[PDB]
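Participant: Below are the chains, spelled out letter by letter.
4 protein chains.
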Amino acid sequence: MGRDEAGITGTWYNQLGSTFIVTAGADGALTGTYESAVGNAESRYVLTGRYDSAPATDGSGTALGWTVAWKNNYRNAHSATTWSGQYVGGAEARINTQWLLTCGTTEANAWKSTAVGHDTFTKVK
Amino acid sequence: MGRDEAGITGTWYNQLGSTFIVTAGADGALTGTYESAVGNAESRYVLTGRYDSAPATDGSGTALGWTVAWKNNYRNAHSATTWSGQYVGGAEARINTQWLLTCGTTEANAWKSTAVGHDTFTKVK
Amino acid sequence: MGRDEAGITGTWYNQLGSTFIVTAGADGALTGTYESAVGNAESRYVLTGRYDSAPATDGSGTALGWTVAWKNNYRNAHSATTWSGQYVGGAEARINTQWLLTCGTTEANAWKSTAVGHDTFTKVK
Amino acid sequence: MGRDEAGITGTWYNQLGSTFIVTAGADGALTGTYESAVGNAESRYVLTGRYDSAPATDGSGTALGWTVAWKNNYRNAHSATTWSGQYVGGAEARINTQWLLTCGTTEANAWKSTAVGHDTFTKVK
Ligand SMILES: O=C(CCCC[C@@H]1SC[C@@H]2NC(=O)N[C@@H]21)NCCCN(CCc1ccccn1)CCc1ccccn1
Ligand SMILES: O=C(CCCC[C@@H]1SC[C@@H]2NC(=O)N[C@@H]21)NCCCN(CCc1ccccn1)CCc1ccccn1
Ligand SMILES: O=C(CCCC[C@@H]1SC[C@@H]2NC(=O)N[C@@H]21)NCCCN(CCc1ccccn1)CCc1ccccn1
Ligand SMILES: O=C(CCCC[C@@H]1SC[C@@H]2NC(=O)N[C@@H]21)NCCCN(CCc1ccccn1)CCc1ccccn1
Ligand SMILES: [Cu+2]
Ligand SMILES: [Cu+2]
Ligand SMILES: [Cu+2]
Ligand SMILES: [Cu+2]
Ligand SMILES: [Cu+2]
Ligand SMILES: [Cu+2]
Ligand SMILES: [Cu+2]
Ligand SMILES: [Cu+2]
Ligand SMILES: [Cu+2]
Ligand SMILES: [Cu+2]
Ligand SMILES: [Cu+2]
Ligand SMILES: [Cu+2]
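Chains as they are written, first to last, in the numbering used here: chain A, 1 to 125; chain B, 1 to 125; chain C, 1 to 125; chain D, 1 to 125.
Just so you know, not all the hints are guaranteed correct.
[To be verified] Residues of chain D clear of chain B, computed beta-carbon distances all greater than 10 Å:
#1 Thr9
#2 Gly17
#3 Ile21
#4 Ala26
#5 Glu35
#6 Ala41
#7 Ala56
#8 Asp58
#9 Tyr74
#10 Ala93
#11 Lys112
#12 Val116
#13 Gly117
#14 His118
#15 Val124
[What the hints assert, rightly or not] Cut-off 20 Å, straight-line C-alpha distance, at most; resulting in silico cross-link-like pairs (EDC-like, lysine to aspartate or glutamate):
#16 B:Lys125 x B:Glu92
#17 B:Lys112 x C:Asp119
#18 C:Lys112 x B:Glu92
#19 D:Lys112 x A:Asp119
#20 A:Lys125 x A:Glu92
#21 D:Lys112 x A:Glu42
#22 C:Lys112 x B:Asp119
#23 D:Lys112 x C:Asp27
Rather than coming from a laboratory, the hints here were simulated on the basis of the structure.
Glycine is no exception: its CB is placed at the ideal position from the N, C-alpha and C atoms.
Isolated chain A, as found in the complex:
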């Protein structure tokens, strides 16, 4: 089993009020659903990702990332977000991320295809 498998598995919330539901597998897999409180999104979207299942023991965080394509049974926003970050355990566990949101564009609009931002996830709120 992964070092932080139990620490990562569960329900997380970011500063926007979005809900990140994830299961960390012993093999390094991340699976679950994402519900965004903002943007062209409603209800849950499939997510998949990976995490370091044997992290350093020097107090460093645990690197991880995941992807949502913004298509479900309700809506298709023709776009995908990837979150890249690290899990930090302890009393106030956190997943600190930066993200890249790419829209499908024509080639003439490709220069403005990608948004960047940062989300912090906690176990509360």
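Assemble the complex: chain A is given as a structure, and chains B, C and D with the ligands must be docked to it using the hints.
Facilitator: Relative to chain A, chains B, C and D with the ligands alone:
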């Protein structure tokens, strides 16, 4: 089946000489392996991601993303990369991406945890 | 004079304890000094940048950016950071930024030349 | 005078057809004008930035960055772009950059305030 399921599935190469082997599923899943020609990496790493399986028909690209955690049977670089981008079909098919590489760090080093860059993948080279 | 010339001019502090001293000119110029609490840096570095001197009046923030090259009389870290963001006035004024730190590299190391992060500046601390 | 003062000073063009006119000062300053071939922009905009005026001599590039606020006498797009990158001299001199474009937004739209991309500048085209 996804609109670009056949277009995306296969072997891709980026400008560094890295090899991206991916299968696009009818459900929007991306699965496969990544081999980086640079950095603290050797041989293949598991990847997983998502793509828009019903993209726009106005000539826009197909949004997608995937994650590699840099742990395999040979090495563990305690880090993860996410690629966010779009697939562009046609004679010279391309996957144009930007990426975020996060290292697990102490909190004192978290400000410098994340590298950003851009990779273009083609079916040749 | 710029709409937020007086709001922006002054001393700001980010979450790392770095000090951003800036003067906003009527013409859209930003001038001043930056002192980083972290990294290969000591004492003050020259900065220059630009801001929107006639922002929207619909409650939107004021877009701005600036650059530091990490060379002064004490040290040269062969690198430059740019901050891109917006000023938000009011009781708890803030400058919310994302930044790109590029190191001079050989071409073989150029893929890992750039760090990305986010700093929030306030008038206190 | 800066090591690459003469190498950097002049007219540059990126892959979009935008024109970057810059003067590198002996003190590390960058001054000039930017004309974007795309987006909410017409004619020239003021730019200012900084570069490493005493770079490494091991073949590494020269770190630099600059800012444009997208306001001039013709238009105001209430936004600013910062380019962060490095100058690479030689027969085919290049300035390789990544950039952050921030729009002034309401707080409700701040999550989508920032675009990210990459521009390569050459002395031809
Ligand atoms: O809302 C969505 C899906 C929901 C996204 C929610 C985000 S994930 C990161 C963050 N954390 C979170 O919990 N929730 C948010 N997806 C399309 C987003 C529309 N774009 C316009 C289309 C377009 C056309 C042409 C060029 C570019 N886009 C947004 C505008 C924009 C700004 C900057 C860069 C790219 N796009
Ligand atoms: O090599 C690796 C794994 C291989 C990465 C290969 C990359 S994926 C994007 C690109 N496309 C590709 O095909 N191949 C490359 N992983 C650790 C990378 C070491 N870092 C030092 C550790 C550290 C300690 C403290 C703070 C930050 N890192 C790299 C240095 C760095 C620079 C900037 C930002 C973050 N880290
Ligand atoms: O410390 C510095 C100067 C001080 C930077 C302070 C930063 S500004 C953003 C932030 N807000 C703030 O208030 N303070 C910090 N400058 C070089 C930074 C060394 N790098 C290693 C050299 C190298 C060699 C080869 C490839 C890449 N770098 C850092 C490691 C790194 C990680 C990821 C991407 C790039 N570089
Ligand atoms: O065109 C401009 C000014 C010209 C920009 C030209 C760019 S510089 C980088 C690149 N290299 C170059 O040579 N030329 C381009 N400036 C506003 C740009 C409108 N935005 C909509 C407003 C808005 C409202 C709410 C939230 C976000 N924006 C663009 C859409 C967008 C997508 C993603 C992230 C942010 N904004
Ligand atoms: Cu949009
Ligand atoms: Cu280890
Ligand atoms: Cu978009
Ligand atoms: Cu490293
Ligand atoms: Cu559609
Ligand atoms: Cu690293
Ligand atoms: Cu370093
Ligand atoms: Cu206006
Ligand atoms: Cu560096
Ligand atoms: Cu726009
Ligand atoms: Cu030196
Ligand atoms: Cu915008």
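Participant: Does each hint hold? Answer for all of them.
Facilitator: Checked hints:
1. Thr9: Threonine 9 of chain D is indeed farther than 10 Å from all Cβ atoms of chain B, at 27 Å.
2. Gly17: holds (18 Å)
3. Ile21: holds (25 Å)
4. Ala26: Non-interface label stands for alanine 26 of chain D: nearest chain B Cβ at 30 Å, farther than 10 Å.
5. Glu35: holds (23 Å)
6. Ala41: The claim holds: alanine 41 of chain D sits with its nearest Cβ about 22 Å from chain B, beyond 10 Å.
7. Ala56: With a cut-off of 10 Å, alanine 56 of chain D remains clear of chain B, as the shortest Cβ separation is near 19 Å.
8. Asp58: The claim holds: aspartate 58 of chain D sits with its nearest Cβ about 19 Å from chain B, beyond 10 Å.
9. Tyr74: holds (30 Å)
10. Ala93: holds (19 Å)
11. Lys112: Given that every Cβ of chain B is farther than 10 Å from that of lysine 112 of chain D, nearest at about 14 Å, it holds.
12. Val116: Per Cβ check, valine 116 of chain D is inside 10 Å of chain B; nearest 6 Å; violated.
13. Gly117: violated (8 Å)
14. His118: violated (5 Å)
15. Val124: holds (21 Å)
16. B:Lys125 x B:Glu92: holds (12 Å)
17. B:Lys112 x C:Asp119: holds (12 Å)
18. C:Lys112 x B:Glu92: violated (27 Å)
19. D:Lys112 x A:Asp119: holds (12 Å)
20. A:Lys125 x A:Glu92: holds (12 Å)
21. D:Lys112 x A:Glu42: holds (17 Å)
22. C:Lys112 x B:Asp119: holds (12 Å)
23. D:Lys112 x C:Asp27: violated (27 Å)
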